[PDB]
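Next up: a single chain in structure tokens, the form deposited in one PDB entry.
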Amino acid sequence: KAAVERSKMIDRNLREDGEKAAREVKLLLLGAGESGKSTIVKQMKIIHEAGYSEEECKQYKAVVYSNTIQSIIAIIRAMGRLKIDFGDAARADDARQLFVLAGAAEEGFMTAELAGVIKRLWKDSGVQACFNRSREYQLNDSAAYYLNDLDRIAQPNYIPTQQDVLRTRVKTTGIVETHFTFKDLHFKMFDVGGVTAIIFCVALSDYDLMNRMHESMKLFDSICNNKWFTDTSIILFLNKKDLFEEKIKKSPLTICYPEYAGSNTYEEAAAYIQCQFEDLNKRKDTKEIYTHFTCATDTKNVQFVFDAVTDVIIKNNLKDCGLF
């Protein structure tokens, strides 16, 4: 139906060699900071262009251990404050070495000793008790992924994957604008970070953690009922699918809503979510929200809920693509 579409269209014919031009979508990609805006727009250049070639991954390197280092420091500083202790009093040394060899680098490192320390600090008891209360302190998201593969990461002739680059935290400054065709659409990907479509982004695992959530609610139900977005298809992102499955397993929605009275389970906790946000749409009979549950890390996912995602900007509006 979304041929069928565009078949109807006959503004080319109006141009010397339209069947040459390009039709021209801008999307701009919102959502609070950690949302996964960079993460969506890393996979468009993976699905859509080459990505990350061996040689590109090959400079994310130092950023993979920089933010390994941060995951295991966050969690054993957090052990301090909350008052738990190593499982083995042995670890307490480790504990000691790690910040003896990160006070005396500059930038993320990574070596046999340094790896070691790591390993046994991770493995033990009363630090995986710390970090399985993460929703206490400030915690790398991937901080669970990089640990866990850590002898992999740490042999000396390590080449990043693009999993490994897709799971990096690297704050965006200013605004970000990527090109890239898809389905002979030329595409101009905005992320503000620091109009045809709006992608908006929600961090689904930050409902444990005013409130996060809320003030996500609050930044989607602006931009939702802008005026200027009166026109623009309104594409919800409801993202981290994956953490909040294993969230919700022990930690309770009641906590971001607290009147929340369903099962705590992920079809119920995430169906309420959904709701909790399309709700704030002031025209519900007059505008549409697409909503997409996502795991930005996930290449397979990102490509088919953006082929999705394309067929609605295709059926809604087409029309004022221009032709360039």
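Residue numbers count along the first chain shown, from 1. We call the rigid core the largest set of C-alpha positions that still match within 1.5 Å between the two forms. Compared with the form deposited in another entry:
- Just one of the listed positions, 129, 219, 105, 159, moves its Cα by at least 2 Å between the two forms when the rigid core is held fixed, and it is 105.
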Given for the second form:
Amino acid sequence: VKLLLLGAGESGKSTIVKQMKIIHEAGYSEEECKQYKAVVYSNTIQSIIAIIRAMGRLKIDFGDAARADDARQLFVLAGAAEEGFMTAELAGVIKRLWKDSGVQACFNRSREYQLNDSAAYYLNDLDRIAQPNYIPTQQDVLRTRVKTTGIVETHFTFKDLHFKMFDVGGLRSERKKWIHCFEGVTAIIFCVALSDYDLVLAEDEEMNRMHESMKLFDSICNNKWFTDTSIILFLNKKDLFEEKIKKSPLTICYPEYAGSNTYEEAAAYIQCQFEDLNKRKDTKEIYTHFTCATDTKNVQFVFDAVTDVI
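What would the structure be for the form deposited in another entry, rather than the form deposited in one PDB entry?
Below: the lone chain, stripped of partners and molecules.
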């Protein structure tokens, strides 16, 4: 069974691949967890730095003036983290910064810049991750963000079927590599980030993230090469969408949306926008699922349901 994961950048494709390891195998070993330690620290320092860069660009001041010296020390200290090291000194500098009112206000305006989804997860848990002899947990691994370049091939057995799952990069530079994967595809799992409706592309600040997705899906879904391939649509990041819909208008993306700022109502609407792109509704089926890629139980039951359809 050959499965292919497609979608724009940061839509959740690689996190689903990790889930297969945890569910069909036995999770990451201690040696493998320790390999992600430097990425966790790397992901965390980059996020605090991104918020600080933005405060200058957005003209936002710190809440307490004493933070300016912590922001000085951060850069003096920053380089050890990359090497998988986090002193109780660097930890306090980051912590005091993350807690600053000015920093927080900037954190709350992240759609104006580029910030990792897992910034809060890590930054809100510094005590644990800066610990002496810290080893990344299964959730810490799933939360790491590393751009995919090239093609990754993963194998696993499930219900007597041997899967060969392919994963590629969704950023614009990597899309030219999707065609090498187009052969013998049993099923395509197209990942779409529900929470991307109010953000812009990292590759272009003038392009809305959700519209980009619509373009990709319309193209893949309606490709004649895929007539006999199963199209599974994962409306991912349902957990972030749920919190986002409450304070960010969906009219930023879909100006004609007349419904309310609610999850069930707003979710079905995005579902219909995507399923609407299917040009041969009577002869072509799309199997849609709302997901939280970082939630093992959620992915388990969804993947279980997906393979039954296969």
